[PDB]
Every structure is written in structure tokens, then in C-alpha cells.
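Asker: For reference, the chains in residue letters:
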Amino acid sequence: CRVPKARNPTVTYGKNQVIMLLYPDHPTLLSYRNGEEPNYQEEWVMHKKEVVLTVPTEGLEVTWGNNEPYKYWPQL
Amino acid sequence: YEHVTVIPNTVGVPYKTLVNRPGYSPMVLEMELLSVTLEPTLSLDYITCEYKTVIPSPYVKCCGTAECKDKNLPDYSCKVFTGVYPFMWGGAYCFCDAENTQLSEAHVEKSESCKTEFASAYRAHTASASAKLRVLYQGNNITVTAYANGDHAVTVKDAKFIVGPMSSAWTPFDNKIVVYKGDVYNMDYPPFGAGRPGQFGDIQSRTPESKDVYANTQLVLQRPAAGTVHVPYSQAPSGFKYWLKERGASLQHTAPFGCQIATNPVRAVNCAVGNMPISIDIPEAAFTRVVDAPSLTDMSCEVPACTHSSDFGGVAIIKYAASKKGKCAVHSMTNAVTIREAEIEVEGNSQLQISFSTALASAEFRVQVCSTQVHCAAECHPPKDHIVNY
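For the record, the sequence lines run as chains G and F. Taking the entry's author numbering, I'd label the letters of the first sequence as residues 330 to 363, 365 to 406. In terms of the entry's author numbering, the second sequence has 342 at position 342, counting the first letter as 1, and numbering is strictly consecutive.
Hints were generated in silico from the structure; no laboratory data involved. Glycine residues also receive a C-beta, built at the ideal position from the N, C-alpha and C atoms. Possibly wrong hints are sitting among the right ones.
Stated by the list, open to error - Beyond 10 angstroms from chain G on every Cβ pair, some chain F residues (computed):
hint: 1; residue: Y214
hint: 2; residue: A215
hint: 3; residue: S323
Unchecked claim - Derived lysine-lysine pairs resembling DSS-like cross-links, with alpha carbons at most 25 angstroms apart:
hint: 4; chain 1: F; residue 1: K384; chain 2: G; residue 2: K401
hint: 5; chain 1: F; residue 1: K245; chain 2: G; residue 2: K334
hint: 6; chain 1: G; residue 1: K334; chain 2: F; residue 2: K211
hint: 7; chain 1: G; residue 1: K401; chain 2: F; residue 2: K132
hint: 8; chain 1: F; residue 1: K132; chain 2: G; residue 2: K344
Stated by the list, open to error - If you want the footprint, here are the derived chain G segments under chain F, 3+ residues with CB under 8 angstroms:
hint: 9; region: 334-344
hint: 10; region: 351-363
hint: 11; region: 386-393
So that you can see chain F by itself, here it is in the shape it has in the complex:
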């Protein structure tokens, strides 16, 4: 028998489902999404890190004029300064008084730190939802790990499970994402070859092993000081270093629905977006016939204690008169209240105690023990703590 139900995509919340196979005693299954993982498919656009302003020794051409050649290097800057007369510790470096030139050279490549300290620019698309659903099956807890695509059958104790497809294809992630160590950021990063100076992407490397890198760093070479050998320049400071302090709080702290964000691989854990359909093909052996199950008669219900809250603040005592000894399923016929126990051992002319959760001050609910219903009248009082820590 195939039982089809839909639960919200919320981790750590046990849900009760009533399995009613015609001509067979009702079955109550408790389902809880241990952990919900939303892993998006990533496509690496580029890597960014701190750049390296590579300034070699300046070419001081004594008694001659130096010539700047166009070099294919990121942020390549070249300038020849005339009327230079530089000095070293033991006097002037050039023989000539006039006609000496200084060629200043500079370019921006990946720093030695790029293998250790780096941010990755990814294209996030179509998140794959996965979740191991703890199932209270035959008085025992069973763990089912399946792809939430609706096309992955996992069989545990002869019961076939088909999880999903997810109602929402989203995930605390936009189309463009940025990853730094254990932190993920939603960022509309500039494309490769479009990075601005002093900003994220001032230096762009397609892969961390890449030889040719893109560079756009406002590098402007200045005229050296009188009688001084040095390469003065005006620039834009590291965009990656600037982003490291300007990034703000990561998705782990800003994402709605209490999403937990993890890396390697990047994923959204325990979020609250959309619902999850569940299909359970329960084998014939698990079911017990109505005649084989005890018959419930002369039922009465009393509520000695009730508090309307998120947890099981309600207590109900149900008196019964059972035809034989056996296991009976407990289920609330009113959607306003939920019962903690799924199965109880029935005896004879005895009574049972159940724990229930409700938000209503005046709780009117029907409890189905095996195949017979009993009305419960409850006057539930407000909780003491307005805020709870679960």
C-alpha cells in the first residue's frame, strides 16, 4: 500500500501521518527530517586574492635616453623621466650632468598568498534537495537517506521511500555567489576582465593554477626625488584585502528561515523554504486486519492538565473497554491538536494516558484509538515564558 503525504521543509519537527488502508487497522507513522541539505550546482568563473605591485630595479640610463616598450602585463606602467642626476653612497651614479634618464617599470601578478588566502566566484544554479527522514516504523526508528527529486527509491525494512520533488528549487543562494574559506556571500561579482581598482576583482584568475591573470589596479608612476634612486607611485590598494573588511556578515548569519551555511561543498542546511512530498510503499506484512486488531467500545476522555504551547503541554486520560489485548494506533482527528504517542498497548477494561500539543485556549478534539473515535474537551491555559529556546 502506497501512502502519499506532504510535510513542510523544516528540520527537527516530528510530523504524525495516519495510514488508512481499507479493511486494515489504522497505522500512525512519525516522520522527522533529521537534516535538510540544499546543495546548489557550482560553476567557477574565477578566483580572487591579494595582488603582487611588482617593481624591478629602475633602468637608469646614464648619458642616454631609455625607451618604454608596450608589455602585455596586468596594469603595466612605464615612464621615462628626463633630467635625472641620481646619487649613491660614494657620489653620482652617472658620468653626465644632463641627458641621463630613468625608466620606471611596474605591473600587478598573483601574490604568494593566493594559494592560501583567496575568494572564489561561483555561478549557483538548480539546488539539489536531500534529507534523511527519521521514521518511527513498527516501534523502531529507521533512517532513510534519499535524493529529494522524486526519482530515487530507498528501501528500508521492505518499505519503499520516494522523497520529493522539492516544492522550492531555491536555496539561501542567488545566481552569483562568493566563497571565502567557511563563509558564503550572495554577491553580483564583476565578470572576468571587468574588475575595478581597489574593489573585489581588481585581480582575476580563472583557476588557482592559471598563468595569465587579469589586472586593473589605478597604478600611476611618479617622477623620482632629486638625486634619489627609487620608484615612487600612486595606487589602488588590494581589492581582496578591502573586500575582507567590507564583506559584512555571511549567509550563515543573514539568511532567512534559520539557514545554516556550510562549505566543501557549499550547502544550505536546516532551512525553511517550501515543502517536501513523501511517498511510502508500506508492505502487506506491516498491516494488521481490523478483525485481528482489538475493538474499542465505551470510550470517555478527560483532560486533567493543559497548557497551550509549542511543546506537549496537554495531558489526556482515555478510559476504554477493549475486546482483546493488542497494539492500537493513537491519532488526533482534529488538525488543531497533535498527539506525542503513535502506538499504545491495549489490555481490557483499563485506561490510557496521552500527551498533546495545541495553540487553542478551548481545545475540542477527537482521538482515534485503533478504529474508534473519542471526544476530548480541554481548557488550556497560557504559557509562562513568552520566548522559548527549544
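The shape of chain G in the complex, shown without the other chains:
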């Protein structure tokens, strides 16, 4: 089955955290996971929403719609 993709959100960084300004044109699935404790969380983004995600030392993987997953790591 063929599918499409969304646009890359405007990304801003902070101390052990990532801030994304999501601008969806249609309902888009936003999923993320951490290490030993992945703590999987998912939400369908309908309109303009700012998301604040904590980036642990082990790393954070974020999937925004049909796009390839984004990987984030904190600076030593």
C-alpha cells in the first residue's frame, strides 16, 4: 500500500529536552521512545501544537507521520 509523508517541524533544543512546533495539514501520528525503559507514547496531532520532549542520555527516537524516525542525543 502506497502512502505519503508530512513536513519537517521547526526544531529548537534545550537542556536534556527537544521542542517541536508541529504544523499538520491533516491528522498525523506522533510517536516517541527512549535505553532499558523505552516508555512508548503516541498521539494523533490534528492542528498546530508545540511538543516538549525529554531527551535522556541513552537517546530519544521521534517518528512524525510517514517520515523516517528522527534521533536525538544530549551533548556531553
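Put chain F on the given structure of chain G with help from the hints.
Answerer: Frame of chain G, contents of chain F only:
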């Protein structure tokens, strides 16, 4: 000469190892675990898929009483209803007004979809660790593919490699696992013959080719409507269809240490669990004697630029006075800092430039160029981006 070292089980991280053979010039080897695969041994317990409520034409016994026989079928249900008077388009189906019975029959077998749409219940035990270690050997990159058991010698360019045994026998996998297409799930699945209705395992088949299947689906046959030929029933909907929407995120998304999960065969790729011992039997020809190697004297070190980060944010200029021309190994004698280059071409009364990585704001480190050490003083500043994407 056998060089024994231990690196953490982390893919995409180059590690520097100092080989010091007595009476021979030091050797710096860069090792990187291209890809780390943790393949557990699988034992198939059963297959699950969507069931098929098989309801044949009801046996309407006109002027008589039908009899239910105990059939060895999954979720077999039989009920004989009395005082039935059914109608078809051209009037009543039975000659008698009273004494007509309807025998309703139903059972739950594998659907036609079971060969295409199915989940497999596996018993996962003792994961076999494998990893191809890119080695910067004699200024060239060599690839070594070996079983991480500590009993598999792989020889590349006359250097014998013994990888493992793995410090951790685990793998983003529990004792009981469930596989659906390209997704793996950690699930304490019910054993064969213990599956509940409307849940994962409502229908259980030992193999996808199996003839006799287990079935437990709350199938209850109801009395048909007045003058109506049909088989009304109350049931529990497909457990496999229910699991498909209730499964949640797979191990590829939930596993710690950034594990990547693949299928055919099921494996944990690029995870971070435990470490990996490495044994390298380096041949005599690869080594150069201390007398045959250049002698380092009148050394000084200056750091014109430094940023303490995960990557090589530090720059160091080392001035030297070499006895002859030749190759010299570069290695940090301080575990707090790591140098990017393993080998440099030495000339005479010249200088060399190195790239280093550190987390310390005040970096005090010793650099060993060939067989002589030089002290480096660095004042490293904080990075600009708190978060990096590698």
C-alpha cells in the same frame, strides 16, 4: 603477540586500543562494531490467526424431533428448538403445525486468511551475539565477521580475531515472544489449549499446516425468530483481530538502548547491553622495533581551539624533533580524552596536528607519539547545541 581488550556493546562508536609489545614501537588500532546482532534461539509453540464461525444449513426436521450428537470440533455448539413453524417464499416449509424441530449447528477452524494473516508464538532462549568489527589495521580498514562466543577464530591479513563471549546473554527479548510480519512483541502468551475467547489464542494451531486446531470462542446458539429459517447466535469476536488493534507499539519502538528489531530471522540490531571482549593475535611482521622506529625529543603541545563535546571538538598542535623519517602511533595516555588519528607521518624538526574529544572544561592530557609522551593543556568551552542528531 596476543592483544586482549574489552569494548562496550555499542554500534557506530570507534574505540582506540594501544598495543604495547615489549621491545617494539606502540601500535594504535581503531575498532568499530559496524553492526551488532543478537539472534535468539526460537521454538515455535503455536500459530494464531482469525477463526472461521462455520454455520451450515440448519436441520429443520418437519414432523419429528432432531437429535444433537457430541462432535469433537473447536467451540462445537448444538441445540434442538421445539415448536418451530418456518416459512419460505411459497408458504410453510413443514406439513405439521406442531412437532417440528430445528437443529442449529456451529463450530469455530482456521480461516482462509491464516496462511497470509497470522501471529507466531515463540519460546526465546540464549541469544547468540554476532558483530563485524571494522578494524583500522596498517592504515587500511579490515572487516571481521565472527560469532561472539569466544570460540570462533577469524583470520584477516594474518591477524587472528576471537570475538566474545558476550557479557550479557539477554536481548530486547523475554522468554515468551510473539511475531507478526515485521513486528516482534514481548508477550506472556497463553499456552496451547488455554486460550480465552475474544483474546489472543482464542484459536491455536501448533503449525500453519496443522489439521486439528484448538478453539475456545463464548459461542451460544439462540432460538430462531417465528417463521424464520436462520441460525441466530451470540459470540466472542476474533481474538487475533482484537490483538491486532490492542498490541500497542512493537519492540522496535519500545526496547531500551536504541535497539532496532528485524524479522526472518528475529534479531536485536544495534543495541546497548553489556560489553564485548576482543582478542587479536597480531603477527610479528606488523610490529616495528623501537630502534627501527623514529625517536621523539624536544616535544611541546599547544591547544589553539577546544570545545568539550561528544565529537572531536578539540585541536592540538604538537612540535617535535625526530631522529629519522617514519610512521608514529598517536595515543592519549589520559582516559578522559580520545584522539581521532591513530598514525602520523613523522619527518624531522617539524610539527603535527591532532583532533581530540573530551567532556572536561579543563583538559589535562598526555599524548604518546611513538615511544615519547608530551603534556597538553586545554581550556575547552561548552557546545552551542544542547541536543545533537549524531
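Asker: Looking back at the numbered hints, which does the structure fail to meet, lowest number first?
Answerer: Structure breaks hints 6 and 8.
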